[PDB]
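> Sequences and hints are given; from them, build the entire structure.
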Amino acid sequence: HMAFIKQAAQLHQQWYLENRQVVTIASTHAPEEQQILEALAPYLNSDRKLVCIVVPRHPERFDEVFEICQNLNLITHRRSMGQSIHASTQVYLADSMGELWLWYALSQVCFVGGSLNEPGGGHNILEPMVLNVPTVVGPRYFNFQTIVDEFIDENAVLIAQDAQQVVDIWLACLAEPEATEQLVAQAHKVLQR
Amino acid sequence: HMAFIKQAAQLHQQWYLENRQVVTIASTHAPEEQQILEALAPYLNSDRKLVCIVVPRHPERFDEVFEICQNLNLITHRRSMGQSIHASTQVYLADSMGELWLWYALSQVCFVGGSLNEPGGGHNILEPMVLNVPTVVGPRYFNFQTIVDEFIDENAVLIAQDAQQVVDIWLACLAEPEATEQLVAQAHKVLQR
Amino acid sequence: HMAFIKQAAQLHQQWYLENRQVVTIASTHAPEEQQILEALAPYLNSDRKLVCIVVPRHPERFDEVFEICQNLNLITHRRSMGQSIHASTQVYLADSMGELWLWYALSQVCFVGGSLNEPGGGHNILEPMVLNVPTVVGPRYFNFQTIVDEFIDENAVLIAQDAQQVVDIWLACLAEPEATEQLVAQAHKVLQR
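Residue numbers (this note's numbering), protein chains in the order written: chain A, 58 to 250; chain B, 58 to 250; chain C, 58 to 250.
Read the hints as simulated data drawn from the structure, not as lab findings. Fair warning: there could be bad hints in the mix.
Because identical chains share one entry, a pair is satisfied inside a single copy or across any pair of copies.
Taking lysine to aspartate or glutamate and the EDC-like style, the derived pairs with C-alpha atoms no more than 20 Å apart in a straight line are [what the hints assert, rightly or not]:
(1) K246 - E175
(2) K106 - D225
(3) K246 - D120
(4) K246 - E235
(5) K106 - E207
(6) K246 - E124
(7) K63 - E95
(8) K106 - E117
(9) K63 - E235
(10) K63 - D219
See the structure below:
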């Protein structure tokens, strides 16, 4: 776990991420990659600073998600091919096993998937919370209902109704260092008790 | 497998389970832990002999289920923290990987989950059957439709319609050594042929 | 991966598969095994050359699927028991982990499951495509929507509406060396670009 934190520091340096804004969609299911990348693509085209890391939940779907990215005409590099995030990279497909912590440790904001699909149900938001990443989930989070509600009650997690709202919320967070600082603070409160 | 049987004998002794009634909810999904623990909590509060082992199907949900237990105000100890079943323990969260056989080998009765949720579908009831544990499933068992029907046809498995009925059935089994002996007998018939 | 290809050559020889027609249902979910085996059983009874390999997606379901086969009165041998395909074998239950490539490498035609059930969603068709196996999927393939559509657009994958249609399509492929040769050709086109 902590090994991932220091590998993230090595990669932050080698990939020159200091002047990139890294947004991550984590543990995604269909049609979440299509919907969020479609909503985000105008910004990835207009603002080369942004880059989206995509971590699909199911490995059998990695090539499927590469095709989604390709069809959206987004420049996409792949962890499975030992690629890195280039200045040119718009989407980094993190198509490997066991490295979710590394990607969260590199992220400015994230979205935890399994939560915009139907029927959905959600995935564990504690991992990005612990790494101080502002976190968005969709409305279908019932497999983690207790924990997500503990965080909604303390204004510690952001709930999106659709893929457009995930992108709104992300762009707002990236523009609002004070709001994101307060969100990470409230998360740390819930996490401690 | 057989290693789990003898470890169960060691733990039965060290945890003084001879005067506890161990009920297990195994391979559970949301909202099965909430629903069954809610139905059972009055009995766990009134009768300190009872203790419920909870084995959620998905490891990413272990901390979620701990929160469910905590909110129900039930005294809960965790395998992941190297805890044991205390006299005070009301719920033992078996939040570890690969040890389902151990928990069934410690159980007086069980419920096999994935079967009260929607759409459900069920999990493998053969494991508790082979270990001579009286077994309850919910009505949504269609992923194991053939095998569960073979056992319903020989009165060898108990079907619950809801979480209240799982608890009724369990309390009845625990009060009825002759009925539970006959159930385990009928299960062994199906298992042999 | 390539190790599986040469093991397939060893088994093709030892099991005398040269005069069998091997049809495979791969990564199946309930009720796909029941539905397809029911549709196929008249042919497996009338034409001893045919044999169906069954590879259920979830290992916990292997004994369940054995029971499905047994109830259909089909002669069934099991990889887990170190069995082989006999002249007498009608269904080979490939109840082992990690060997899907071997079975596709032995197949004349296949069906990729998770795609006739509800709500379905499908599994990765690239694996049989790469091994030159004519491939059928059901209509519920939305987890692989992009890739399956790339193959439908080039007439490179067969879509079945129900279990009867999977069996129609298979029997037609086996009777049509020219059509199956053209299908494998179109698949290889999509795969190259």
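> Look at each hint and say if it fits the structure.
Status of the hints after comparison with the structure:
Neither within a single protomer nor between protomers do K246 and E175 lie at most 20 Å apart by alpha-carbon distance, with minima of 31 Å and 34 Å respectively. Proximity of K106 to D225 under the C-alpha cut-off of 20 Å is restricted to the intra-copy arrangement: shortest distance 17 Å within a copy versus 53 Å between copies. For the homomeric pair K246 and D120, the shortest alpha-carbon distance between copies (17 Å) is at most 20 Å, but the shortest distance inside one copy (39 Å) is not. Only within a single protomer do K246 and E235 lie at most 20 Å apart by alpha-carbon distance; the minimum there is 17 Å, versus 53 Å between protomers.
For the homomeric pair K106 and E207, neither the shortest alpha-carbon distance inside one copy (34 Å) nor that between copies (32 Å) is at most 20 Å. For the homomeric pair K246 and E124, the shortest alpha-carbon distance between copies (16 Å) is at most 20 Å, but the shortest distance inside one copy (41 Å) is not. Proximity of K63 to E95 under the C-alpha cut-off of 20 Å is found in neither arrangement, the shortest distances being 32 Å within a copy and 43 Å between copies. For the homomeric pair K106 and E117, neither the shortest alpha-carbon distance inside one copy (30 Å) nor that between copies (33 Å) is at most 20 Å.
In this homomeric assembly, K63 and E235 never come within 20 Å of each other (Cα to Cα): the closest approach is 26 Å inside a single copy and 57 Å across copies. With identical chains, the CA atoms of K63 and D219 are never at most 20 Å apart, being 34 Å at best within one copy and 48 Å at best between copies.
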